[PDB]
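Visitor: The lines below spell out each chain.
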Amino acid sequence: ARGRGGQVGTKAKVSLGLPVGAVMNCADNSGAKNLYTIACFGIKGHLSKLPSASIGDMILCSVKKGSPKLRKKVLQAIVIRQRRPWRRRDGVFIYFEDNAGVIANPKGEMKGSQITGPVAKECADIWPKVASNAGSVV
Amino acid sequence: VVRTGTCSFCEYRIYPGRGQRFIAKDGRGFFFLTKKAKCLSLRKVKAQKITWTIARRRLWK
Amino acid sequence: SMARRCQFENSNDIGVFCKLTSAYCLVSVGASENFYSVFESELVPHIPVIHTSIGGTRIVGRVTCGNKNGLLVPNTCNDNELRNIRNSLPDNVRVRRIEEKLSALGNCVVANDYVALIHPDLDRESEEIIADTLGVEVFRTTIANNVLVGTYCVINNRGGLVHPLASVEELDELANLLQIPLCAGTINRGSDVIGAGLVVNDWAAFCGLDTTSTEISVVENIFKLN
Amino acid sequence: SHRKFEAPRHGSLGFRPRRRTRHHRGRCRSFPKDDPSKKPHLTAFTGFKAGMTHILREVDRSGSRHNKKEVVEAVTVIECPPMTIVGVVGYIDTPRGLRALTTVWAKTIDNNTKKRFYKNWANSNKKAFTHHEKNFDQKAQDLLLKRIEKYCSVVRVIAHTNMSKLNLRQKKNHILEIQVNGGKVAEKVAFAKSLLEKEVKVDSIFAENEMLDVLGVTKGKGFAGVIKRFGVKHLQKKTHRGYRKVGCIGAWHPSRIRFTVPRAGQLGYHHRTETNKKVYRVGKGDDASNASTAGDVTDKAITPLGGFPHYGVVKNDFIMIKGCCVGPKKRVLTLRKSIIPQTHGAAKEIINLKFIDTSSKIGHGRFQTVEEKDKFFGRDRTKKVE
RNA sequence: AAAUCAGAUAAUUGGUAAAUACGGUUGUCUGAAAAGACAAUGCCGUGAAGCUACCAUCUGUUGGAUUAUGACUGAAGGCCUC
RNA sequence: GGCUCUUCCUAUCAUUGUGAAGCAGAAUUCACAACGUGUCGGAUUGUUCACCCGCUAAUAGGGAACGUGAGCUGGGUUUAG
RNA sequence: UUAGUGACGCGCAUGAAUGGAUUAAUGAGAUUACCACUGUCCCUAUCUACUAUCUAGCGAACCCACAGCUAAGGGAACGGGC
RNA sequence: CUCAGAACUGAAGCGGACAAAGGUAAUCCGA
Ligand SMILES: [Mg+2]
Ligand SMILES: [Mg+2]
Ligand SMILES: [Mg+2]
Ligand SMILES: [Mg+2]
Ligand SMILES: [Mg+2]
Ligand SMILES: [Mg+2]
Ligand SMILES: [Mg+2]
Ligand SMILES: [Mg+2]
Ligand SMILES: [Mg+2]
Ligand SMILES: [Mg+2]
Ligand SMILES: [Mg+2]
Ligand SMILES: [Mg+2]
Ligand SMILES: [Mg+2]
Ligand SMILES: [Mg+2]
Ligand SMILES: [Mg+2]
Ligand SMILES: [Mg+2]
Ligand SMILES: [Mg+2]
Ligand SMILES: [Mg+2]
Ligand SMILES: [Mg+2]
Ligand SMILES: [Mg+2]
Ligand SMILES: [Mg+2]
Ligand SMILES: [Mg+2]
Ligand SMILES: [Mg+2]
Ligand SMILES: [Mg+2]
Ligand SMILES: [Mg+2]
Ligand SMILES: [Mg+2]
Ligand SMILES: [Mg+2]
Ligand SMILES: [Mg+2]
Ligand SMILES: [Mg+2]
Ligand SMILES: [Mg+2]
Ligand SMILES: [Mg+2]
Ligand SMILES: [Mg+2]
Ligand SMILES: [Mg+2]
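Residue numbers (the authors' numbering), protein chains in the order written: chain BJ, 4 to 141; chain BT, 2 to 62; chain AJ, 0 to 225; chain BB, 2 to 387.
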């Protein structure tokens, strides 16, 4: 029982900003502060090409700082904000000031209620529960 | 119409395809025409105090 | 009348993909025919069903809010989407673009044709805009001590469904507040995300496929559609 | 040793050997499939790379991420001044392949084209085509054309790039074969004849939202290390001779190096046939409106403020293509029609243009027009003139 | 529509700066100001052109003959069977 | 031994077209034409191997002086402390 | 986590100045985490000086049976020569 | 020749070049 099943469509092209090992903020109230990036789904690489995730992706991660109940296990998360500038159909490039993610079950459900900070557009279309829990969506 | 954006540092008039965007913890977005713009406004320099700005030109007209 | 089940692509989250008020319905642009069917079939003559997108996204459900006097779109909104909307809208209803740091208007605002509940931290100007435009009395609250009311509670002029963990006390306060009966429950087979699973207005209810017979019963019963 | 981890090879062999090109303007070694369907049409055309800009369009394409929204896309502008037609050329099909049967020259061959035959025009007595002039007998020409009608499979027009219309150094024109595709040999010939000593416009050939092919020479990068050339992965930075090498030139047996292993050498100045570029606009060097839109409703010329960098002002007509194409600014290019007419989605897409950027490229420009810069700084040049 | 590959481009966004471009500034030296120079690029910020990257963008067809296999007609061998 | 790179084998892991089943579907297994293309990111170990964590259409098995030191590297092995 | 640490110890082959057990300061001494850090890496780009380049002048050395394109074959069982 | 106060002023920069320690917790040796 794994994967991204609750994704609602195609995810747009975003410059991949979070390779493996990347540690990002965790914006949910799950009680985990951060997410250590282990893999990213749907990737077959080239030799020695680091697996990379971006806004909207579903990663496989672990919790480095947070509730002792959460760390030491392998969880899935969904990237919300990234600091790596990507580009949108208007030609403008954007970025947030942090790298943020929300722990989720493979079905696309969040474990948590409030999501701290804004969530990127590119995450909403893909993940309606995440979108539901957004305070703001840019 | 040709829809024009405004630069959140100097309030210069921006057209499509040029420039970038920042998004702070607040959710406050900013839209910069120039790298030089971004650098300043993220260095937290006050637009008013820089001469080529429209801010400065406001203060002193 | 009856509550109908649908699916947007494979998701049950219809609450995310459309906005239903007594005067209009909004649905996202790329939908399957079956979606549109389940909507048009019931609401077609009576209300405009308006296909749109907001900031070029299909989430119109969570990003805007409104009742039959008004529509409040986020600053996410592209000019053309706005125009499209004004042109698809009866002249009675007015449309406004708000700048609220909290950009999901559908998440941060629940409204029926009288009362509106807002995110505790929302801008005063946003408040009086909801007030003036929608023509409503506004109260800042938290359903189930969660700040997203639009997401965690659903309302028509008759009654409302709220997050299943709302205490009896809370339920009372709110009922008194909105001047309508409230009921705690779940939708879409156990989900606590009631807003995402349900849309309703005075004569019609759409909800996700997996909503159990029991749950729909609950809905039909509190929303007083018969 | 079976090699340890399997990755794809480091270049396309079909692109080797990697040396420079003989063909300077484009060389189409195929012209589109010929069909009897339509009256004879002219196969390709010649132009020059001016600059790039970006566009804002609205997408009607259904099913797309972008349906009914504004997109911004990169675009190349290619100046396309009128080509002149000089001659006709018949080809025979022989068991050893095609062959040139004959070339019918007009009376009018302007000096600059004659330049082709000379390395320097001005130190020469300019003797070229003299005998074709003094001896010119229209009857004979007609006889030759009739000849071609009689014996010929393929008909091509000998075409003339008139360089005098541009501002560049090179004034010496270009001499092309543009094959003629149309049903009956005879009509091909008639057509060809109609063309002689006349000027052909890009509109004659290419339409809007039409799909294009661009033929030309990659920019020369000179002698290239292996990393730049084939994109090998660079060796460990600790490596004694240097790390920009490939590690193993080959195994013991065979006793030599295969043509397959990457090595140093020239990169750049090759010929490429790039396929399926979309035409966002075709415009006349007369319209001062040519850079504007239904949505714009103001005067705009495609030439960016301060002019296209390292190119100039575009006074002539032009084609504006989606994306980028081969070569540095000022490289001539041959735009050929698609081998088979393109039926796919991107090719059917009707293009609605909203913004075309005239903003300076020499810097980061915020002004779309002089008038704008001036209003901003309160200098009226119409005022200084007055 | 994406991934891996292939071939290019540089409008945009990034990267690069010994254009020593313009500004800032430490120590010294020219009586001072002004203007500079020396500290193998003093240091710092922005920095056009160029080069450059999935860290940017564009583009990557159509027939014929056949294999395995499934069939038509069919004889050796009245019937049978690719 | 690894790194780098190229090519070959087919006793085919995946992809193409098929035959077979104790082939309902889904999945799987046996076989045929067949390499044309692909066959990845990390823990520990000098490691070949092995074992685990993962993504993946798949994470096939091999050759080329047990491919590849005037290509590196020098952890292992095998001088002198 | 064949790594590190703490424990257990049917110690191949621990053990008492052939010293056993400890141990602050201490170390260009062996090992493991972690924090900061970063071009080690993902993934490679760009800039400077000196070279390699070309020129005037000057001007060696290693090595050298005979020589120098391969496929197979046989052959002192991997030929360049047959 | 040392030390301390207050106020004003700059793109919040100011040991501006030069000079100039990265930390922490463990294990083994040898004081
Ligand atoms: Mg770590
Ligand atoms: Mg590797
Ligand atoms: Mg291969
Ligand atoms: Mg041919
Ligand atoms: Mg390249
Ligand atoms: Mg050397
Ligand atoms: Mg720049
Ligand atoms: Mg000084
Ligand atoms: Mg001075
Ligand atoms: Mg001096
Ligand atoms: Mg000195
Ligand atoms: Mg120095
Ligand atoms: Mg500098
Ligand atoms: Mg810089
Ligand atoms: Mg592509
Ligand atoms: Mg393709
Ligand atoms: Mg076989
Ligand atoms: Mg068997
Ligand atoms: Mg490794
Ligand atoms: Mg070996
Ligand atoms: Mg020893
Ligand atoms: Mg380790
Ligand atoms: Mg262990
Ligand atoms: Mg030590
Ligand atoms: Mg010379
Ligand atoms: Mg010399
Ligand atoms: Mg032999
Ligand atoms: Mg041989
Ligand atoms: Mg003081
Ligand atoms: Mg101060
Ligand atoms: Mg400092
Ligand atoms: Mg250390
Ligand atoms: Mg000692």
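It is possible that some hints are incorrect.
[As the list claims (entries may be wrong)] Some chain BJ residues close to chain BB (C-beta under 8 Å, calculated; not the full set):
(1) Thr13
(2) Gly45
(3) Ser70
(4) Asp101
[Stated by the list, open to error] Calculated cross-link-like contacts (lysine to any residue; reagent style SDA-like; alpha-carbon spacing at most 25 Å):
(5) BJ:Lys52 with BB:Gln237
(6) BJ:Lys110 with AJ:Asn86
(7) BB:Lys69 with AJ:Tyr35
(8) BT:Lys37 with BB:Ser361
(9) BB:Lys234 with BJ:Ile46
(10) BJ:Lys47 with BB:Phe6
(11) BJ:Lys67 with BT:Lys26
(12) BB:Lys331 with BB:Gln267
(13) BB:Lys194 with BB:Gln237
(14) BT:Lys37 with BJ:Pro22
(15) BB:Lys69 with BJ:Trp89
(16) BJ:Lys16 with BB:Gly64
(17) BT:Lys26 with BJ:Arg91
(18) BT:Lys39 with BB:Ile363
(19) BJ:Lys52 with BB:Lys229
(20) BT:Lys39 with BJ:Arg92
(21) BT:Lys39 with BT:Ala56
(22) BB:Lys238 with BB:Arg10
(23) BB:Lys234 with BJ:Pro22
(24) BJ:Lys14 with BB:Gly64
(25) BT:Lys36 with BJ:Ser18
(26) BB:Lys70 with BJ:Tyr98
(27) BB:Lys5 with BJ:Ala42
(28) BT:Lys39 with BJ:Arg87
(29) BJ:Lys16 with BB:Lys323
(30) BJ:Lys16 with BB:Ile363
(31) BB:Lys69 with AJ:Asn86
(32) BB:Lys70 with BT:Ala56
(33) BB:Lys349 with BB:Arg282
(34) BT:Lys26 with BJ:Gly24
(35) BJ:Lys14 with BB:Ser361
(36) BJ:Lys16 with BB:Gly346
(37) BT:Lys45 with BJ:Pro22
(38) BB:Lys238 with BJ:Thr119
What the hints contain is simulated information worked out from the structure, not anything from laboratory work.
Ideal placement from N, C-alpha and C gives every residue a C-beta, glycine not left out.
Visitor: Each hint: holds or not?
Guide: Hints and how they fare:
Contact between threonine 13 (chain BJ) and chain BB, as hinted, is supported at the beta carbon level, the nearest pair being about 7 Å apart and thus within 8 Å. This hint is violated: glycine 45 (chain BJ) has a C-beta 18 Å from the nearest C-beta of chain BB, more than the 8 Å allowed. Below 8 Å, beta-carbon pairs count as interface contacts, and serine 70 (chain BJ) has none with chain BB, the closest being about 38 Å; its hint is therefore violated. Against a cut-off of 8 Å between C-beta atoms, the interface hint on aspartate 101 (chain BJ) is violated, since the closest Cβ of chain BB lies about 27 Å away.
Between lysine 52 (chain BJ) and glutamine 237 (chain BB) the alpha-carbon distance is near 16 Å, which keeps this suggested pair within the 25 Å criterion. At roughly 38 Å between alpha-carbon atoms, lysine 110 (chain BJ) and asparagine 86 (chain AJ) are farther apart than 25 Å, so this suggested pair is violated. Distance check on the hinted pair: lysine 69 (chain BB) and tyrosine 35 (chain AJ) sit about 18 Å apart at the alpha-carbon level, within 25 Å; holds. Between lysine 37 (chain BT) and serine 361 (chain BB), the direct Cα distance comes to roughly 18 Å. Compliance with the 25 Å bound is thereby established for this hinted pair.
In summary, the hint linking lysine 234 (chain BB) to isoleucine 46 (chain BJ) is supported, as the alpha carbons are separated by about 20 Å, within the 25 Å threshold. Restraint check: the Cα-Cα separation between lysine 47 (chain BJ) and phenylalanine 6 (chain BB) comes to about 14 Å, which is no more than 25 Å; the hinted pair holds. With a C-alpha separation of about 22 Å, the suggested pair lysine 67 (chain BJ) and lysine 26 (chain BT) falls inside the 25 Å cut-off, and the hint holds. Only pairs whose Cα atoms come within 25 Å are accepted, and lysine 331 (chain BB) paired with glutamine 267 (chain BB) is accepted, the gap being roughly 22 Å.
With a C-alpha separation of about 66 Å, the suggested pairing of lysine 194 (chain BB) with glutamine 237 (chain BB) is violated against the 25 Å cut-off. Restraint check for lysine 37 (chain BT) and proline 22 (chain BJ): the C-alpha separation of about 29 Å exceeds 25 Å, so the hint is violated. Between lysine 69 (chain BB) and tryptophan 89 (chain BJ) the CA atoms are separated by roughly 22 Å; this keeps the pair inside 25 Å, and the hint holds. For the hint linking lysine 16 (chain BJ) to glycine 64 (chain BB), the alpha-carbon distance of about 17 Å falls within 25 Å, and the restraint holds.
Restraint check for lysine 26 (chain BT) and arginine 91 (chain BJ): satisfied, since their Cα atoms lie roughly 21 Å apart, inside the 25 Å limit. At most 25 Å may separate the alpha-carbon atoms for a hinted pair to count; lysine 39 (chain BT) and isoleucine 363 (chain BB) meet this at roughly 20 Å. For the given pair, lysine 52 (chain BJ) sits about 18 Å from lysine 229 (chain BB) by alpha-carbon distance, which is consistent with the 25 Å threshold. A hinted pair counts as satisfied when its Cα atoms are at most 25 Å apart, and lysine 39 (chain BT) with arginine 92 (chain BJ) qualifies at roughly 21 Å.
For the proposed pair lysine 39 (chain BT) and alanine 56 (chain BT), the alpha carbon gap of about 15 Å is at most 25 Å, so the pair holds. With a CA separation close to 22 Å, the supplied pair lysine 238 (chain BB) and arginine 10 (chain BB) stays within the 25 Å bound. Using a Cα cut-off of 25 Å, the hinted pair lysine 234 (chain BB) and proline 22 (chain BJ) holds, with the two alpha carbons roughly 19 Å apart. Under the criterion of a C-alpha separation no larger than 25 Å, the hint pairing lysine 14 (chain BJ) with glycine 64 (chain BB) is consistent with the structure, at around 14 Å.
About 19 Å separates the Cα atoms of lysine 36 (chain BT) and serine 18 (chain BJ), which keeps this hinted pair within 25 Å; it holds. Proximity of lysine 70 (chain BB) to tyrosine 98 (chain BJ) is assessed by CA-CA distance (about 22 Å); at most 25 Å being required, the pair is judged to hold. Proposed proximity of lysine 5 (chain BB) and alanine 42 (chain BJ) is supported: the alpha carbons are some 23 Å apart, at most 25 Å. Of the pairs offered as hints, the one joining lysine 39 (chain BT) and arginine 87 (chain BJ) holds, with about 15 Å between alpha carbons and a cut-off of 25 Å not exceeded.
Of the supplied pair hints, the one linking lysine 16 (chain BJ) and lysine 323 (chain BB) holds, its CA atoms being roughly 19 Å apart against a limit of 25 Å. For the proposed pair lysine 16 (chain BJ) and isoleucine 363 (chain BB), the alpha carbon gap of about 30 Å is over 25 Å, so the pair is violated. Simply put, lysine 69 (chain BB) and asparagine 86 (chain AJ) have alpha-carbon atoms about 16 Å apart, close enough for the 25 Å limit, and the pair holds. Straight-line distance between C-alpha atoms of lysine 70 (chain BB) and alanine 56 (chain BT) comes to about 34 Å, which puts the hinted pair past the 25 Å bound.
For the proposed pair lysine 349 (chain BB) and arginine 282 (chain BB), the alpha carbon gap of about 15 Å is at most 25 Å, so the pair holds. For the hint pairing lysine 26 (chain BT) with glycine 24 (chain BJ), the CA-to-CA distance comes to about 23 Å; that is within 25 Å, so the pair holds. For the given pair, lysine 14 (chain BJ) sits about 34 Å from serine 361 (chain BB) by alpha-carbon distance, which is inconsistent with the 25 Å threshold. The straight-line distance between the Cα atoms of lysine 16 (chain BJ) and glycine 346 (chain BB) is roughly 20 Å, inside the 25 Å bound, and the hint therefore holds.
Restraint check: the Cα-Cα separation between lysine 45 (chain BT) and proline 22 (chain BJ) comes to about 30 Å, which exceeds 25 Å; the hinted pair is violated. Taking the CA atoms of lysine 238 (chain BB) and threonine 119 (chain BJ), the gap is near 43 Å; set against the 25 Å cutoff, the hint is violated.
Consistency note: the structure conflicts with the earlier hints numbered 2, 3, 4, 6, 13, 14, 30, 32, 35, 37, 38.
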